[PDB]
Structures are given as C-alpha cells and as structure tokens.
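Left out: one protein chain. Kept in place: all the others.
Residue numbering begins at 1 within each chain, and the chains themselves are lettered A and B in the order written.
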Amino acid sequence: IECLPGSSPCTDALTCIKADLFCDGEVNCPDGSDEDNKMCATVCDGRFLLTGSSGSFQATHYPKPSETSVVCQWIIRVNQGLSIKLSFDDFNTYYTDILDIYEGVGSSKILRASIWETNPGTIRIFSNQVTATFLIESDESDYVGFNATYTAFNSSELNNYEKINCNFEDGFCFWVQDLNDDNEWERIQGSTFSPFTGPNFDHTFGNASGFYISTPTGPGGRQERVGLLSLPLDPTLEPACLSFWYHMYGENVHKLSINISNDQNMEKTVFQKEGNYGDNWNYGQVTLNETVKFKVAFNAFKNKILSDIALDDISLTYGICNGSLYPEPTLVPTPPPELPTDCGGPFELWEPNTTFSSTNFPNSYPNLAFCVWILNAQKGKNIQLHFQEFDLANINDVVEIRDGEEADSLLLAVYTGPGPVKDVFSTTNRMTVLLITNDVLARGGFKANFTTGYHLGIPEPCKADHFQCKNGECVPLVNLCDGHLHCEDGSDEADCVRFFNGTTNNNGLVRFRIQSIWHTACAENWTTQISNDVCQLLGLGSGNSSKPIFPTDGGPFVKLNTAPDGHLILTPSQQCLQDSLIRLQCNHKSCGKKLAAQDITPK
Amino acid sequence: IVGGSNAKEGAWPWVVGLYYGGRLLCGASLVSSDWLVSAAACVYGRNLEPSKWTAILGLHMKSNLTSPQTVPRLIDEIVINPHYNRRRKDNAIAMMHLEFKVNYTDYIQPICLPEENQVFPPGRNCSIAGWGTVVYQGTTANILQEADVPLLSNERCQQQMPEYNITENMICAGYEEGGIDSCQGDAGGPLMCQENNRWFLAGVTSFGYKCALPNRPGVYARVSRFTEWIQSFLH
Partner (left out) sequence: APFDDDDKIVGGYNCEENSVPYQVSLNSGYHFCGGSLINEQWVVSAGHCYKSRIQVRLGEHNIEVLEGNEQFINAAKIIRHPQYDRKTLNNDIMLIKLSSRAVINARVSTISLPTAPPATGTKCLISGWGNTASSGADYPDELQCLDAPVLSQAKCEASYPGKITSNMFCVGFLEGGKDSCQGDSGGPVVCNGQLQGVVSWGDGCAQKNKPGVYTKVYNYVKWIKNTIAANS
C-alpha cells in the first residue's frame, strides 16, 4: 500500500488523502482517524481534542526556553448552540508566538484571527468547533510559551446589550468579522505603524496599554474592503441607541458606513463619514428601532497605504438618543487649490534697478513658476547674466535664457541642478529669462547682477591683421587654410575652396584662396590625385570626370602639383601653357547606403 | 506601441542610441565623423554637465554592448537650436559632439542630409526608426524597431490635430486609421525616406498627441530647413 506524494494514508490503509486535511478539525478519513489525539502529535501539550466544557492546554517547553521548531495546533469542540470563551494569561514575548484562531473548520479559515506580540485576551467564537493554531516565527531561544483555558456557555441567552457593548480590551468580545469583503480586521495594542495615519493610543484606556481594533497596518498598495458583523438582535418594545467611537486618520480614508440588515431585506444606512478627521476619536450616535430581528454591520472601505480606520468603545443603550456631548467631527482642511498657475511677480527686469529679490530666495520660490524677467538694455549693447548663487533640484525645473527679443526667441543655454553655473552673454539688447518649475519641492532659486555694457563676452579682435579663430587666437600666416592646427576649435582650417559659376552642389569651376585672395587654378599638370585632393578640400567623395571650358580668369591663378609627402603644392604664379579653366565635378561622400552584408531569405 | 518590426543588423547604421545615467533616454543620427543629430526635447535641461551622456553608435541590442562593430562613445558638448521654444513645439533639433572622432566599419555610417530644391510629395512611405514598446505605456524593446508611415502635408496636420500649431517648420506623418506610430515609448530618432541610392534625413522624431490614434499624425522636425544649421559641425 503506497500513497501519492503530498498525501498521507489513514489508519485503515484503505485510501490516500492530502496531509493538509489531517488534524484540521474536519473528518476526512473513512474511519475518522485523522482527528485522533495520538495521530495528531501536538507535542506542545500532548492532547489534541478538547470535547469537554472546560480544560487547558500548554505550549512546548513552558517553563524553559525551547530550541525545537514544532508546529502546534488544537481543536476544541462543544455541543451545538454553545459558545466557547477562550482566556489567556501570559503572552509578553518578543514575537515568536504567532497564534492563529479560526471560527469553524474548512474554508472559513482565512483571516479570522492572527495574534502575536500581545495578549489575545478573552476571545469568544460562536461555533461548535474552534481551530487554534500556534506557529513558531523562529527557532531562536527567545520565546517562552503560553497556557490557555476555555469555557462554554449558552450563546442565545445574550441580550442586545452584551452583543454590542465591547471596549475591545479582550478581542472582539461578541462580534464576528464579515466574510463578504476582501480583508478583515485585526487586534492592535498601542500606536500603529505608518505615521500620520492610524490611532496612536487606545480610547478606552487612554494610553498605549489599551486594546482595540483597526484596519491592517500592512504597507499595501491596493484598495480593500473591511467589514464587521453583529449578532442578531431580538425585537424590543423600546428603541435602542447605538454609541460608538470611530477613528479615521489618513489622507486616503475613503468612507466609513454602517448598514442595518433585517429579515425584510430593507438595508439602510444611518451612519456615514468621509475624509480625514485627524488623530482624534470621534463619537458616533444612531437610533435604531426594528420590529423584527436585525444586524448592525460596520462597513469600512480601505484605500492604499495611509488609509487606516479604527473602531473602539462600541456599546448599546436603551431609549431615544440623548444630546451628544461630543460634537460632530471636523475634517482636516485641504490645501487651497485657488489658482496654482503662477505668481507673476517681477515681470520686467531692466533700468538701473538693483539686484533681483523675490523676498523668499532663502526659503523657496512659488511652485509652477512661469514668470519672465525681460532683461533690456540700450541699442548696441548686450546682456550679461552673472549668477550669485544657484541651487535647484534634479532635472525637472529649468532656467531658460532667450535672446530673440520676440516670439522668435533664440535659446542660449539651460541651467539647473545644484552647484555653480557659468555666466550667459547675449547677442542682442534684450534677454528673456524664463523660470519653469514643477509643483513640488521648490528650491532656493537664483540671483544675478544683470550688468552689461558694450560688447561684453566677445574676445578682443586680433591686431597686426592676424586672422582670428573662434577662440580668439592669432593666425597670421602659418595656419591659413594650409592643413595645420593652431586653435583648439579647429576653425583655422575653414574651407577656402568652393565652386564658382556652378550649376549643382557638386558641379562648378575651381576657386581657391591661399591666404586672402580668391583665384582659380590652371590645367597644366592637373591629374586624378589633384582631383581627389580638391575633393578632400571640398569635403566631397571620390573624384569624377571633368572637362575644361575656357580660360575666363585673367587673375593670378595657382598652379597645383603633387608632392611625395601627401601635401598639395600651391604655387601662386601665372605660368601655364594653353590654360583652360576646369569645370571640376566630385562625387558625393559615403552617405547612408546599406553597404552592410544584408541578405534576404528566398522562402 | 505596436506597429514596428525588428530591423536587421546593419540595415540602419546611422541610427544610434543615447544613454543618460545608464538608461536609454534618447536616440541620435550620425551626420559626420564627430557629431550626431537628435531631438532637442531630450536634452532639455541635461546639457549643463556634458559628462553623463553616453552615445552608443551601431547599437542594435540594448542587452549587448560588446561587439567590435559597436563603438561606445562619450559626449562632451551638446548644442541646442536657438529657435527651440518648448511652447510653440518648433525647431526641436539638437546636436551632440563625439569624444574624438568616429570610424566607418560598415555598421557606423552617416545619414544623408536633405539637399536644395528637393521635393517630398506626401503619401510616400518613409521609414521610422526607434526602440518602441509593446503597449502605449510599455518598455523600450531590446531590438531596434522599424516601420513605414506615409508622409502627410502640413495643411491636413493642423486639421487632424487642432491642439498643435504645427507650422511650416514641422512636417507630420501618420495613418488615417492609425495603428502604426512612434509618438511614445522613446525619443525615436531620425525619420528616413529612401530615394533609390541615398537614404535622406527626412526628419527627426518629435512630440506627438498619442500613438496609434486615428487622425493623430506624429510630428517630425523638418530637416530640409535645418540643412544650413546642421552643415556647421562637419570636418
């Protein structure tokens, strides 16, 4: 006799069932051996079934620290109609005491109870069988154990007062969590996690030593529904008033409502609150009078993280509700959404006015800034933007400098982020300064002198008739379009060869400028090598066939000759036999052609 | 995004990728031996410190940067066209300077700039390159995506998208029924239209209303009017 993996045989060895169905409170073996105490080695106490009206059970290694990880679970069953009331004495342990209590057996074991790091207290379950499971969080010697007792009583003799009156000092008292929602409540002692939401103290006791219930503090990012149900209430000749305290702290609190369901299915809402009321316990008071049995359901809608809702001090009295000593709760005011567009401020920044000051530079500038400064100067002047202190966030807010004087602006540079920034020099007399910022986490800002004059930022022109590159260096004779290198920018080698009297972008007569004089070239010793040399000087591709037309240039044409060092020889001498100007044509460079090894599949 | 297709290796050597902080943020096109052409919207505020931009030329697979055909490079100088305004959404063209130079190993080649007196009738299929996604809000594909869209005139673009002024300096493209677009997902890069012998830089991928939406053409930078500006950083 063998069983499939993941399954265990019974005592009779007649069939194989899943191991998870053993010692769960539900009979699965044909002979009922799955519920036997001997088979279910509790180890913690040595007994598994507690069918009497009273008894006790103990955890593993109660008097001394334990060094063994053994899963323990207990099942307590009583006669139908009796409610089992649990009791605990010692649970002050540094976790490692995860206790799971579930109402009934089967699919009802989802989110009934999960208690650790606190005293469970008196817990009552309105079912014939109670499933208690003890799970060890770790095998480290940092836990002691516990021993608990139980008792049974008639659950239907309870009046409307006992079914509702509960300070949550010991669990839910006589309340049963809902099952039609996603996630249920849990027991929390003292302040909760996730600051700025959830209660920080218990209302009944007044400080952290108290016991209450609230929505789970798990840092989830999904919307969940939490509901609580009440026992049926017998009809009464006098209306009853419901007193309860509700805590609604959190920016994501959606809605807390109460639904009353009777045998007539006339569901109605008498209590409903929305929004955030701060860290204050708010008193609730409703009046209910039903001629038939009815139940009180607490409906809580939980949004993503920071949407905690708490309930405490629920009780039921008799007669019409009296004057509520605690007034209606006050909602936390929202930030004013009144015109967050922009502030405007100093629209114009010109004249001999002093340094810009927004009166809030040390602290912060208004969010969603779109203001402009408009730096203006006299005709013929420029604008210099020398920054004093610069401090911005990551790349979402920018500072724009524009020099177009109109809608056709000329963007110069963009500055953002912390650290010093370079000065900005404009080309015109009007500089447009734009500050575009986000709606969150404004920085200090920036300040500037905006002092300028005549031709500031432009390097002084070179003297002695020396050529000036982009860097302002002197190029008298050596690097005048002769394949040398003087300035770092490389502008000293600007193209001094261009087509003249041409027709297309690559067809035209040869025009050369050695130093400062434009002139053509002769055709005395022209060859293919000279053709490709001029192509390189013209920034084109391979040479193409060319045909002379007529010697129309009577000026000092330059004679081109080849040299062994690879440098073209330029002789500005009027020495040529049967001169004829060449209409040179050069092919285009290697453009975006698919010259790679590209092939297609012939299928 | 849906609409593109996987591109063969070496089919588009001029399409290169731009990385800022290790993430694929923008795409550029080679036009010379030391300069690139990319959209100016992706350099909006990241040019103050030209040291975090890494240009990957010849990139075809994001998760692979070790082939000899791919030569990683750093960008030390980024320039923005002064006519960029970010409000008129016009002249959104920028250029980046390579470290020292670039080679030509049959997988890193320069794009052909538009010439003078060039005619581009609408309706012709111009190829679009870029690393698109699988949905409107997906992630960039590990394989370069290629697609073809018909050219659209500036007259109909304003009617299709009244929210944008478009203006004659921008040329739109897209389908009447949509379904193929590259407005979202990445910067896109260059817009390419073929002419038998020389793949011309038909445009630079720019902003757009929304991808695959009918009557919502994608906006591209008109390089034909930017030829003189581009022809200022060539060896």
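To be clear about the criterion, a contact is a pair of C-beta atoms (placed from the backbone, for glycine too) under 8 Å apart; a residue touches a chain by one contact, two chains touch by 3 or more.
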Selected from B:16, B:25 or B:37 as touching the chain missing from the view: B:25
Given A:396, A:427 or A:544, the one touching the chain that is not displayed: A:396
Residue of B:32, B:160, B:184 or B:224 touching the missing chain in the full complex: B:184
Full-complex contact with the absent chain, from B:7, B:28, B:37 or B:41: B:41
Residue ranges of subunit B at the interface with the undisplayed chain: 20-25, 39, 41-42, 44, 62, 89, 137, 139-140, 163, 183-184, 186-188, 205-210
Residue ranges of subunit A at the interface with the undisplayed chain: 94-95, 98, 114, 116-117, 135, 137-140, 190-191, 193-196, 208, 218-222, 251, 305-306, 393-396, 418, 438, 440-441
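By our rule, only the chains that are shown with their structure count from here on.
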CA centroid of subunit A to CA centroid of subunit B, Å: 29
Partner subunit A, residues of subunit B touching it in the complex: 8-11, 13-14, 44-49, 80-86, 88, 104, 106-107, 109-112, 115-116, 192, 197-200, 234-235
Residue ranges of subunit A touching subunit B (in the complex, touch as defined): 395-396, 398, 400, 402-404, 407-417, 421, 505, 539, 588-598
